[PDB]
Amino acid sequence: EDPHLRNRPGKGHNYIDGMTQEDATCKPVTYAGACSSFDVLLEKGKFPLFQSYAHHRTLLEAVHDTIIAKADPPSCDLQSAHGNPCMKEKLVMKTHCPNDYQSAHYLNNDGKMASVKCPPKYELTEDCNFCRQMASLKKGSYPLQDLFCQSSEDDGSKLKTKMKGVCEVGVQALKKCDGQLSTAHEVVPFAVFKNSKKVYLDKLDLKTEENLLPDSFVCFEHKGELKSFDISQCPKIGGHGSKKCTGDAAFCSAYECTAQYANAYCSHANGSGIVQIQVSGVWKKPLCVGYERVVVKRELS
Amino acid sequence: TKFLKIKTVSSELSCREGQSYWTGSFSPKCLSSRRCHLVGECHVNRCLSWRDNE
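Order-wise, the sequence lines are chains C and D. The first sequence maps to residues 154 to 287, 290 to 379, 393 to 469 in the deposited numbering. The opening position of the second sequence corresponds to residue 742 in the deposited numbering, with each subsequent residue numbered one higher.
Rather than coming from a laboratory, the hints here were simulated on the basis of the structure. C-beta atoms are modelled at their ideal positions from N, C-alpha and C, and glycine is treated no differently. Relax, there's no trap hidden among the hints.
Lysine to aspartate or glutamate pairs mimicking EDC-like chemistry, simulated, CA-CA at most 20 Å apart:
(1) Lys452/C <-> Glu364/C
(2) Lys197/C <-> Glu782/D
(3) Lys265/C <-> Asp230/C
(4) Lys770/D <-> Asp360/C
(5) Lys770/D <-> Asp357/C
(6) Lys199/C <-> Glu795/D
(7) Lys199/C <-> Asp301/C
(8) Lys452/C <-> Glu308/C
(9) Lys358/C <-> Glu323/C
(10) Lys265/C <-> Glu308/C
(11) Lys315/C <-> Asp360/C
(12) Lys164/C <-> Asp176/C
(13) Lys770/D <-> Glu341/C
(14) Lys352/C <-> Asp301/C
(15) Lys362/C <-> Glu782/D
(16) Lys199/C <-> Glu279/C
(17) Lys197/C <-> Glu795/D
(18) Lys223/C <-> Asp301/C
(19) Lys223/C <-> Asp263/C
(20) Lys349/C <-> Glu308/C
(21) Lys199/C <-> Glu154/C
So these bits of chain D aren't anywhere near chain C, every CB distance computed over 12 Å:
(22) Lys746
(23) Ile747
(24) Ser752
(25) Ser761
(26) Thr764
(27) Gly765
(28) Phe767
(29) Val785
(30) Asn786
Model the full assembly from the supplied sequences, consistent with the hints where possible.
If you want it as structure tokens, here you go:
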């Protein structure tokens with residue numbers, strides 16, 4: 154796993170439009186507070202994929218970092234009359250969530266940001282397919300998936316889902332099944348590339364490397393406990409900066425060795441920065457790869 | 742006057758079974774995930790003495 158569980162690099166914002174009632178403890182996200190849209194992600198035996206890779210951003214954090222766009226509407230009303238857009242994309246997902254929740258965000262088909270919203274004070278059920286009337292209600296959303304956001308520049312629009320023998324997997328529809336149809340509860344991972352859709356894959360192959368971006372390096376200052397410090401202020405080789413910083417061979421090989429005039433002790437992350445996936449034989453870096461639990465409708469005829 | 746007719750179709754020579762099993766072709770799928778040392782579970786004693794059920 155990763156030692157950095159509550160520490161979130163960069164902004165670390167976890168709030169959606171319409172449910173801005175937890176920004177006092179979830180903006181930013183630190184070791185203290187009580188964010189309902191982040192505490193359930195570190196639970197043992199629930200989302201191990203998030204516990205394996207925790208140095209990268211989440212879904213909402215990727216939305217606030219100008220990485221994942223927003224859908225229309227970004228937060229649909231799960232109680233409004235004359236139907237609602239967030240219905241067919243929710244009935245096809247077999248996920249569980251505790252009680253005292255009002256919102257439950259997930260991933261749509263265009264790779265944007267689609268979520269639901271429950272007017273106060275209406276809580277959800279065990280499956281979250283429908284809301285109901287009313290201890291304390293959570294002032295946030297519940298992640299229905301297990302994906303993490305990251306910055307990548309690898310195009311993959313032509314790498315559409317090629318799941319053979321499957322009519323409709325997850326939410327997307329490959330074709331119109333007119334004959335037989337086999338409905339079963341199977342788990343299938345997914346992956347989203349740049350300027351593409353929610354591509355589903357069979358097996359999942361991870362890859363951990365490093366680079367020269369400031370996100371792959373952490374640092375802390377020495378003062379009279394652990395105190396975080398902005399690592400982006402470290403000057404480059406022959407360039408400029410703000411506050412100096414030094415470290416070992418890994419941290420000194422990327423920035424400039426200062427030592428005597430440094431104000432903090434920079435270090436190297438525990439394998440983070442670039443996470444590539446093995447698809448079509450080659451290695452590409454996705455944007456929001458996950459491992460959800462939905463209903464797969466396979467063919468038969 | 743009651744009759745008991747027994748019609749014979751043909752003569753079959755079946756075989757008695759005893760031990761049977763179901764077999765077939767299988768092709769596994771390899772899943773790899775490289776982990777660096779001193780990171781989580783990346784150690785020199787966890788990869789060698791690793792159980793096949795954990």
